[PDB]
Each structure stands twice: as structure tokens, then as C-alpha cells.
Amino acid sequence: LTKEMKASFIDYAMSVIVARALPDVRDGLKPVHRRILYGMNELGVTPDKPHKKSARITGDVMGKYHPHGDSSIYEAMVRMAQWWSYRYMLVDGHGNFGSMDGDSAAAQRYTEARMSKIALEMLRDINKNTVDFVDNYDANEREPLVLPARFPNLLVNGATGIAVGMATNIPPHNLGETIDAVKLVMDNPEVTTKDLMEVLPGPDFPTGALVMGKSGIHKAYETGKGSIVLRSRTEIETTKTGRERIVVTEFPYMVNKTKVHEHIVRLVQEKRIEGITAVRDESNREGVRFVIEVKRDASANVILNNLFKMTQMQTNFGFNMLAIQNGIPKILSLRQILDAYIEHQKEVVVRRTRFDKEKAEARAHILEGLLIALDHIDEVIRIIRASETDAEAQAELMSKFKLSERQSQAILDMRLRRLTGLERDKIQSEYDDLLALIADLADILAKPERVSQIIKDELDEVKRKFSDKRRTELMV
Amino acid sequence: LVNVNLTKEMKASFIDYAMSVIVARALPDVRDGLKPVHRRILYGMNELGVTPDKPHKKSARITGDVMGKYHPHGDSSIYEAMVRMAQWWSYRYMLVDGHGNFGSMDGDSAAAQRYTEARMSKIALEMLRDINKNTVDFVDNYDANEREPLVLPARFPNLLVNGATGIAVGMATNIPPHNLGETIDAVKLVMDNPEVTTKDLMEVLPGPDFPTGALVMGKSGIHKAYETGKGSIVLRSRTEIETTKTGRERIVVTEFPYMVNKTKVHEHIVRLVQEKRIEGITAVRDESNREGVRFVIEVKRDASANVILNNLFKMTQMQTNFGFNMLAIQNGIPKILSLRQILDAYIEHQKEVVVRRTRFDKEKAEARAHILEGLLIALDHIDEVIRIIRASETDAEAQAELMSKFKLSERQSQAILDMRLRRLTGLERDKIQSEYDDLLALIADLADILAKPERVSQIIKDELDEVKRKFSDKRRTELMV
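As they're listed, the protein sequences go chains A and D. Just so you know, the first sequence maps onto residues 11 to 486 in the entry's author numbering. Just so you know, the second sequence maps onto residues 6 to 486 in the entry's author numbering.
It cannot be assumed that every hint is accurate.
[What the hints assert, rightly or not] Subject to a maximum C-alpha distance of 25 Å in a straight line, what follows is the list of computed PhoX-like cross-link-like pairs (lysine-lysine): (1) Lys269/A <-> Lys138/D; (2) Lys479/D <-> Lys16/A; (3) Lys305/A <-> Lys412/D; (4) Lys479/D <-> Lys193/D; (5) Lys193/A <-> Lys204/A; (6) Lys466/D <-> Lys138/D; (7) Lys412/D <-> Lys369/D; (8) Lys319/A <-> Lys267/A; (9) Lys74/A <-> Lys40/A; (10) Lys250/A <-> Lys305/A; (11) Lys204/A <-> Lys235/A; (12) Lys367/D <-> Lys281/A; (13) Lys305/D <-> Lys250/D; (14) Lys340/A <-> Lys193/D; (15) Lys369/D <-> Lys269/A; (16) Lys466/D <-> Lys367/D; (17) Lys410/D <-> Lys281/A; (18) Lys13/D <-> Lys340/A; (19) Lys16/D <-> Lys235/A; (20) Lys224/D <-> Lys479/D; (21) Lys127/A <-> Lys62/A; (22) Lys13/D <-> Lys16/A; (23) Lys13/A <-> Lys367/D; (24) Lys235/A <-> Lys13/D; (25) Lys410/D <-> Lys305/A; (26) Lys367/D <-> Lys269/A; (27) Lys13/D <-> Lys229/A; (28) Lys340/A <-> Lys204/A; (29) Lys412/D <-> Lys281/A.
[Unchecked claim] To spell it out: a stretch of chain A is covered by chain D in this simulated footprint if at least three of its residues, at any positions, have a beta carbon under 8 Å from a beta carbon of chain D; those stretches are: (30) 19–30; (31) 332–346.
Hints in this document: simulated from the structure, not taken from any laboratory. Using N, Cα and C, we set each Cβ at its ideal position, and we do this for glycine too.
The following block holds chain A by itself, in its conformation from the complex:
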């Protein structure tokens, strides 16, 4: 009764939290977005072909699952097109998406998008039985609960959760810095937090800010709790008539210019400094030109500290930094993200190795049958002439030599083009090649460090392909 009500409470709370709160540690990818990328990979249409303008994709998404609104699925599409909010990059698109401005793109299917470049190598190896699957409620198609990865996007894109019990802030980071962190933890299981300070000088943004504190960053990467400073960029230049002109490019994150400017107008117009009727905040299609000019007989820095007291040019940005794994939430630190991603990639690589051994040893068994057929042929021909049935021919071949049923029938699959001797040598050559590759994979399976070397290989692949610098200029 009340225990069953508690069971309903527990199970339904798990349903809501695993539905729309923080995703798994293993991916950092929410299942809405997971199914977006899975169905867009299963569109099959390459990003090389010009990216499409349709709600047919989202119609197949809603055929895959019924939410409490596919407008929310389109919101997920658009929020993954928010490069100014969520970093590089998940949408190859063309249509209206705006900026961090207060933009409303009601043109839903009229936007264009398809697969993105990072998604291509990000979600390979589906054909290698790497990830498990579950059936939908529609009992017709399957879906994976997690994904294979080529980086911890956990660190690449942060989290802005909701307070089902409590929300979660997770800051973004840099590509190559994360690669160096992976290499560091790979080479040493004995790293420190100063090591993390080295390979990660600090969390960054697609826009940029200033984070002056140090021990808040320290408690952030250790305890998982703490708040930081997000500060706008400040440039003090000289007006030709003597005004301390303020140029602003960076901002605190999730801070529109519009309502901040309106409250600045209000604070001017509530019996305060009114001679600052100089707000040249435009031309922001080349960058950000947020320029004011402080009036005469007034210093810029006092108005700067007053707008920092307005909590919009300098903001205490907190961090909750929680996660979901094994059905439980967790307070975060590193060597957890790190070791989790490491052992996940270990799973992926080793299971890929097992599947490749499956294909290779199956084809090796085939070429065994091929070479044993191509040893002695004409006696088999003449005994086939003493038969009239492929079942009789199968029994004859079982009397002749040791084969499989598949092997016997594949040897039956031989026209007269198969009756040469050069192709015997070719099958023998690829047979020895395949045996060498099988022995290579077996020796790799008897090698722990070789897995890490393959991880280094894929890291160097994506590092030659792409890199990124710290656009977020942070002084401490």
C-alpha cells in the first residue's frame, strides 16, 4: 500500500530525473540530444550533401518517442544550435537562431541542419556491437541508452540543470587541454590537482569573461562546490575631449545586453549620475562594441564598481557540479570523469577488438575451406559425377575432408572461373595476412598499454584534424 506508493514515488522520480535532469557520466549527453544524434546518424545523409530544411527528421524522432511536446524537441535542436551558449559544435545549420539577445525564431522547419563534423567521428562504431540497446515502447525499433565517445563532452560543454532536487552548473573547457589531461592521467595514475591546474589553466566560454579568483577554482575542482567571478571586459581609453571611455567586449555568461542596459538606464534615471548620456552599444556583428563614455568630473572606475554591484558586469557564478551514474547522483571531482571516460573507452576498444576477431576468424574459417578445396579438385569433381544431390555431395565432402556445412556449400559455390592456380596463391596470401592480423589482435588483447596507445592514436587523429585556443581571456 504505502510501501507501493513509495515504490511509485521512487520509480517515477527516477523516471523524471533520468528523463530531463542531468545525463550520464558516461556521455554527458542528455537522452533527448542522444536520440537527436542517433536519428540524425540514422538519417545516413552526409554533411557533405547540403543540410536539409525539414521537420521530417523531428517527425521520425516523435515516431521514435512521444514526449510532452515535440516543440521541446525543436527547442533542443535550437539550443544545440546556440553556439553563443553551448560550445563547438553540434548543428550544421543555416536558418534563424539568433544570439544571446532575446531572439525568437518561430520558423521551425524552415531552418536547415544536418550532421556535424564532430558528430561524424564522435559516434562511429555502431556497426561493431559496442553499445547495448533497448526496444522502444513502439516495439518496432531499438535505441541505445549510452553512446561511444571520442572525448569527454562533459568538460567540453557544461550543464545548466533544473532544481528537481537541485540544479547544476558545469563550466565548459578546451579541446586540447582536455586531450592533455587525458594524456596526463594516462601516463600517471598519481597526478595531483596542481597537475590539473597545469593541463587545465581554467574553464572557458564561447564568449569570454574574467575569473579573478583562484581558491574558488581550487574548491571547484576538488569539492565540486564554489562560486566564481564572471566579469565583463573593461578597456579604458581616451576621448579626444577628455572622457574616460569604457569599451566592453566580454560579459558574464547567460547575460543578455538588453535588460542590463535597461536597468542601467533605470539606475541613471533614479536620482544618480545622469550626465552619462553616452551609451554606444551597437555594431556587434563584427564582435562586441559595448561602449559607454563617462561624463566629465566623474571617474570611470566608480561607475564600474557600481555596475559590478549591479551584478551584471561582475557576477558570482556558482557551481553545483553533480552527476548521474549507476542510477545515483554524485558530487563531482576529477579522477571520476577521467577514470570513467578511460574505462568506457577501454570497454569500447576491447569489444571492438572482440568483434573484429569474430569477423576475422569467420573469414579465416572460410579461407581454410577455400585453400583445402584448392588443394585437390579433380577427384572431388569425379566423385560429384558419381552423385546427383547436393546432400549427397555434402556427405561425399564429409567423407573426403574435414569441412563445415558452410565450408562445403561455399566450395559448392565455385564456377569454372574458380579453377585457376594464381587465385590459389592470392587466397593463400590473404589467408596468411588474416592469420597475421588475428595474431596481432590476440597479442594486442594480451597488452594493456596498447589500448592506451590506440586512444593516443584517436587523440592525435582529432588533434591533427582540430584544435582550439583559449578565447576566454582569464586573468587571476
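Given chain A, put chain D in place with the hints provided.
Same frame as chain A, but now just chain D:
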């Protein structure tokens, strides 16, 4: 399986579980008593502009539209409430004007989802008009973007008089219905007389009403339930003995009390025949029921038919023990109200409604007033400002000189600067002056309404009388002691 070790998150998720199951299904709200899905239906029908003025529309499309504008919640209760607020007989008042297949009142809920073609009723025009009306906070949904209102404000305690169905969630409650006219009467008496007694409004208020038309006996339960909302009362069907041309008698019913099937009770009658626990009964017949409900039991002579009617309202389900439970919720926390306190919260809600509407209109008039202030100040010293624009260069110089000469703001100065020759006739100058003073008179009128609170009460009573004129409410039930 579970393996969840932290009891704290179990408790927090359990509190969210309990309160969310509360919030989800039907609740005794402050302002509508409704399900939130009802609010969703109404707000979607309003902001799509689907009037009963315009013709009918396929409504499952509208259902999917609202479902996609809102959360991916399940279709079942959605289509259920879609039917329920279109059922004319169940809810006392008309909301949704369907067109298809429903089943009348006899246990056949026709659910033709393909045939879902409908409109609404004309009472939402009295219910809510918050387009410009700064009333209610909004919550955002699809990556947290699109509005959804918290409550359903109104000028009307109609949904007090409708009735509620919120039972199986935690504890049980409902709202039994009344009619509207004497409700308007007793409400207006509390309005003009803030210190009245209960029973003198029971002199104004008849029994709790029913759409079929019920025979009510007794008033002690009325005394208990108008105060404390608890107790069952007795209800009987309009049932008569009628003589033939032969002298044979007939039990003729007209209707039944609330939540009664014809057919299940008819099967129970056939039971009572084969149960052999009631005699005399010969004919159990029912015809021509669509011009008017006519079910007839017919009994042989020498049977004491009125004693058989007594046996009906003892043992059969024709007798109704209709119970009340009105256990309120005011801002989340569960409460319980008297009939006064309901209308009190209604009064102070109307206070905030008309005050905030008046302040929105005030800011309309103030902004347009600053506009026309700038226009008339531009009309004051025209040729000086002509010399100003012939002299100066920039926006800053123009705003500096206009603020130095006339002490106006920047938007006012630019709206001055946006004046073309075709608005320079003295005709339109004095039309600007005329409409300016018109808006001044409207500002003074709204400040006078801000001076005294009882004008709100008077206008409310006026439009209550307008609604009672367009919506005359005769009675259908019957009260006895």
C-alpha cells in the same frame, strides 16, 4: 535493482513525488478549482483565437497542437477532459460545443477521436481576457522558452458553482454544484453588506443544485455542509403514481439524482424481479425518451404501490445518499473553507484584478500623455526649433538643446523630431490637444477610481447583472424538509 543508498534524495524525490501528484490531478484551487489541463485547454483555445463566431474545427489537431506547445504528457486525461467539458449533462455549465458521438448518459462513452470536431462556448469571453492585463506569472517549457500561466483569473465565481472531481490523489474532496442567480444575489449582499450572517444568506441560497433536477428532503445536512462541507444528504427522483383508463396504477419517474445510469438500474430491476424480493411489478418499459425522458414501471392491482415506492427509496439505488467534501487548497497548502471565505478570496482577487488592469491602462495613458506633451511642446516654439535643426548637427546636440530649452526626455525629443508636414494643420494640432485633454480626463477618472474602492464593487455588480441578464438561470431541482 534500486541500490539507492542516500535517504536524503529519496525523501526529497518523495516530497516532489507527493506534491507533484497533488499538483497534477484535480485540485480545489483559489481561482478556478480546475485541473491544470483545463487551463491548458482554455489558454490554447484563447490564444489560437478559435471563437464560436468562426465555424467548427477538427479538434484532435488542436489537441496535438496544445500537446506540442506543452509537455509530452499522456493523451488519456487530455481527451478525457476534452470530452468532459463538452458533456452538456454532466457539468452544469457549457464550455465546449462538440459535434460528434458521445453517448447520452447511459454508460457508453463514445470516443471517436477521428470525429473530434468542435467549438467552445461563449462563457470564456466572461472568463478571461488577459491579453494586455498584467495578471499572472508564466512558466517556460521547451528548453524553457514559451509561456504558461499559473492560475485562471476571472471576474466570476462560476467554477465555484460548477463542481469538482479531485478524490483519489491524497485525501478526497469535491465541489457540489449550485445554480448562479441566487449565488449572484447572496454575493452582492455580502458586497454591499460586509457583516451579514450565514442563515440569512441561506435564506438567499437554496440547496445544492443538480442538472437533472432532484428532489431534496431535509435541511440539517444543509446546515452542516454550508458550514463545514461534510455529510451526506438524501435525494429522491420525481416519481408519481398515475391511473390508466382501466384504473391500473403506474410508477412514472422523470429523472434521477447525480451519477445514475438508466441501464444499470434497469438491470438491477430485472434482478429484483428474478431475486423475488419485490412483488406486483408487471411492466418495465422505456420508450420515446429523446423528446423527453420517460421510464415507466407498471404494477398490478392490490399491491400498495406507495409502499413499493418506499421500498424503492429504501433498498434501490434510486435513493441517493449524496455526500459532500470541500477540503480547499489556497496557495498549495490544503485548507477548508466556509461559503463566506470563498467569496472573500474572490473579492480580494477582484480587487487585485481591477487595480492591476487600471494600472496597465494608467501606464498606457501616461506614455501616450508624454507623447502628446512632446507634441504640444513642439507646437509651442516651432520656428525656434526650426532654427535649432538648421543649426545643430547630431542626436546629442539636438537632445542637449531640446532638454536645455524644454526639459524633456530623449524619446520625447525624438518623437518631436519625427513630425512631418502633413501633421502641421491647425485642425490636427487642436485634435492632438483635444485627445490630449480626453486622456487627461481618463487619467483623472482612473485616479478617482483609485480614490474609492467601492466603484469596483459597483461595476462588478453591474456586469454581474449583465451576465445574469444574458444568462437567466431558472431552477430545475426541488427542496423539501
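So, going through the hints one by one against the coordinates:
For the hint linking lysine 269/A to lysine 138/D, the alpha-carbon distance of about 21 Å falls within 25 Å, and the restraint holds. Under the criterion of a C-alpha separation no larger than 25 Å, the hint pairing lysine 479/D with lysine 16/A is inconsistent with the structure, at around 49 Å. Our distance criterion of 25 Å between C-alpha atoms is met by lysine 305/A and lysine 412/D, whose separation comes to about 19 Å. For the given pair, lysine 479/D sits about 19 Å from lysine 193/D by alpha-carbon distance, which is consistent with the 25 Å threshold.
Simply put, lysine 193/A and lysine 204/A have alpha-carbon atoms about 15 Å apart, close enough for the 25 Å limit, and the pair holds. Our distance criterion of 25 Å between C-alpha atoms is met by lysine 466/D and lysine 138/D, whose separation comes to about 21 Å. For the suggested pair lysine 412/D and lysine 369/D, the alpha carbons sit about 22 Å apart, so the restraint of at most 25 Å is met. Between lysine 319/A and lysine 267/A the alpha-carbon distance is near 16 Å, which keeps this suggested pair within the 25 Å criterion.
Between the alpha carbons of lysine 74/A and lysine 40/A the distance comes to roughly 16 Å, so the proposed pair stays at or under 25 Å and holds. At most 25 Å may separate the alpha-carbon atoms for a hinted pair to count; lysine 250/A and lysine 305/A meet this at roughly 13 Å. Note on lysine 204/A and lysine 235/A: the hinted pairing holds, with a Cα-Cα distance of about 18 Å set against a maximum of 25 Å. For the suggested pair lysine 367/D and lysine 281/A, the alpha carbons sit about 23 Å apart, so the restraint of at most 25 Å is met.
Only pairs whose Cα atoms come within 25 Å are accepted, and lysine 305/D paired with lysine 250/D is accepted, the gap being roughly 14 Å. The hinted pair formed by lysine 340/A and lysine 193/D fails the criterion: a straight-line CA distance of about 59 Å is larger than 25 Å. Using a Cα cut-off of 25 Å, the hinted pair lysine 369/D and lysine 269/A holds, with the two alpha carbons roughly 21 Å apart. A C-alpha spacing of about 23 Å is found between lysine 466/D and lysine 367/D, which places the hinted pair at or below 25 Å, so the restraint holds.
Restraint check for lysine 410/D and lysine 281/A: the C-alpha separation of about 21 Å stays at or below 25 Å, so the hint holds. For the suggested pair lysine 13/D and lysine 340/A, the alpha carbons sit about 13 Å apart, so the restraint of at most 25 Å is met. Pair hint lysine 16/D plus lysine 235/A holds up; C-alpha atoms about 22 Å apart against a cutoff of 25 Å. Straight-line distance between C-alpha atoms of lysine 224/D and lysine 479/D comes to about 22 Å, which keeps the hinted pair within the 25 Å bound.
The suggested pairing of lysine 127/A with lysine 62/A holds, with an alpha-carbon distance near 15 Å, which does not exceed 25 Å. At roughly 14 Å between alpha-carbon atoms, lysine 13/D and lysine 16/A fall within 25 Å of each other, so this suggested pair holds. A threshold of 25 Å between alpha carbons decides the hint, and for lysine 13/A with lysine 367/D the separation of about 56 Å lies outside it, so the pair is violated. Between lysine 235/A and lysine 13/D the CA atoms are separated by roughly 18 Å; this keeps the pair inside 25 Å, and the hint holds.
For the suggested pair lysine 410/D and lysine 305/A, the alpha carbons sit about 21 Å apart, so the restraint of at most 25 Å is met. Restraint check: the Cα-Cα separation between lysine 367/D and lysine 269/A comes to about 23 Å, which is no more than 25 Å; the hinted pair holds. Taking the CA atoms of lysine 13/D and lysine 229/A, the gap is near 24 Å; set against the 25 Å cutoff, the hint holds. For the suggested pair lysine 340/A and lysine 204/A, the alpha carbons sit about 23 Å apart, so the restraint of at most 25 Å is met.
Simply put, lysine 412/D and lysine 281/A have alpha-carbon atoms about 15 Å apart, close enough for the 25 Å limit, and the pair holds. Only when three residues or more bring their CB closer than 8 Å to a CB of chain D does the claim for the region 19–30 of chain A stand; here the count is 6, and the claim holds. Under a criterion of three residues with beta carbons nearer than 8 Å to beta carbons of chain D, the stated coverage of the region 332–346 of chain A is upheld, 4 such residues being counted.
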